[PDB]
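Let's look at chain A:
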Amino acid sequence: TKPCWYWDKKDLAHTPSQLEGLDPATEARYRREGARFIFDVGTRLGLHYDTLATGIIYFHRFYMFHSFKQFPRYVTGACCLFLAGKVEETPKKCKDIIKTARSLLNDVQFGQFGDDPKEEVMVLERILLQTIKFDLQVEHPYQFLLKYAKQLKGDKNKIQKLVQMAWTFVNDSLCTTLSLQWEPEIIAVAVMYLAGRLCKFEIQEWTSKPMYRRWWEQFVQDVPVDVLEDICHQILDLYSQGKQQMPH
Partner candidate 1 sequence: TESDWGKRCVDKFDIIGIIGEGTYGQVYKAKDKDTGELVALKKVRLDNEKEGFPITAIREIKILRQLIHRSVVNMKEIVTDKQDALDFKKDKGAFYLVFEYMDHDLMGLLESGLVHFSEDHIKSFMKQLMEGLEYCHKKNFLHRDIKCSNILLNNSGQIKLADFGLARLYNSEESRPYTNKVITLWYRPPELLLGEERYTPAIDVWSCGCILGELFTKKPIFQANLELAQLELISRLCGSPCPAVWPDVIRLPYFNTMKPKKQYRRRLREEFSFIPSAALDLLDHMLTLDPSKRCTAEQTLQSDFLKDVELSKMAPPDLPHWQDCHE
Partner candidate 2 sequence: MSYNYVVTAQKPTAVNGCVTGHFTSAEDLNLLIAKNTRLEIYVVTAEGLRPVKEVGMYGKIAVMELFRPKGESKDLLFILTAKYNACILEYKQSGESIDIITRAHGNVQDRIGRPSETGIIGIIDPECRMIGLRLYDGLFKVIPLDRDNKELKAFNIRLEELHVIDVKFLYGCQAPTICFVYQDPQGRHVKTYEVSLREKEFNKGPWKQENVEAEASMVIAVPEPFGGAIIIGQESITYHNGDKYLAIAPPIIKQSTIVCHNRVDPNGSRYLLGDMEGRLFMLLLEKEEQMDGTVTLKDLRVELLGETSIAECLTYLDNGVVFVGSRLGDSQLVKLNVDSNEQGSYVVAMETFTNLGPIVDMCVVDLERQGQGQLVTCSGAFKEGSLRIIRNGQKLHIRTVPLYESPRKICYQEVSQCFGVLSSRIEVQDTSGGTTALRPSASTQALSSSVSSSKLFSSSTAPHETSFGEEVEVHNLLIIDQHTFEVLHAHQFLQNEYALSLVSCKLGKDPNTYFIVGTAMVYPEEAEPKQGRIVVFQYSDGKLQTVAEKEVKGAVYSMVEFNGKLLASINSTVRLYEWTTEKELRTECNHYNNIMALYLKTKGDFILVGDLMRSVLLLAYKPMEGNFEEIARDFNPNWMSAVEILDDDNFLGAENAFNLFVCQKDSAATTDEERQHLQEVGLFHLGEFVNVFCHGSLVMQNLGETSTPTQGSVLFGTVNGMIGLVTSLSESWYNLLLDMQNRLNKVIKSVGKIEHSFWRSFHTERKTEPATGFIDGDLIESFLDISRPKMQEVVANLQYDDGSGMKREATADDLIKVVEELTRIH
């Protein structure tokens, strides 16, 4: 019926990229740069947050089946965003994506697009569709962050701070392979869990079950803290590695 789109962390040691001699740090760097490229290009074009995420998910899934050494990442990214626009009904012309990609990329980077940027991107669409197995519908942590937040009742200002902080954590997780490890529902909970710990909020008080200390179980069944802890740990790693700090 439907394909399985989730791997174990241990499995990422065996992507095509890894097996062609790319080390873990480099593939992680490539994923961040490609994702952020998709994010930045689409933001300049005015694209909805779901359209940006859909392109990023296509991108992340793509490099579970192909190597970064044989498919230049920024071409792939542009192709993903191009298709994502058509899937999420926020379409853009390929020539406008190229235009923006050129504005943001230096001369070396735009070298990936070769002599004819548009064709290199348009050609890849065939591979992209086959690779993602024509499973175009994608759900994202955003919708669950809001669906779950709507069921919280309490201080209007403390909950809005939780949501925005969690929302930022969602945007940051698109640069990681979490999209490939955990369903979006879990991601939405994990970012709520993290924003809560950092803001010293006790979310259970805002739920319909205020004495149910594992507040998330009423939103997402069967999620152990260990799963939530791993996701939280991975998100904060990006901040510690970079110069950026937690939003608070």
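In the analysis below, a residue touches a chain if its C-beta (ideal position, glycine included) is under 8 Å from a C-beta of that chain, and two chains touch if they have at least 3 such contacts; residues count from 1.
In picking the candidates, the idea was that all candidates are chains of the complex that A comes from, given by their letters.
Shown alone here is chain A; of the other chains of the complex, listed as 1 or 2, the one that touches it is 1.
For chain A in complex with candidate 1, the residues that touch the partner chain are 1-4, 82-83, 86-87, 89, 91, 93-94, 119-120, 122-127, 129-130, 133-137.
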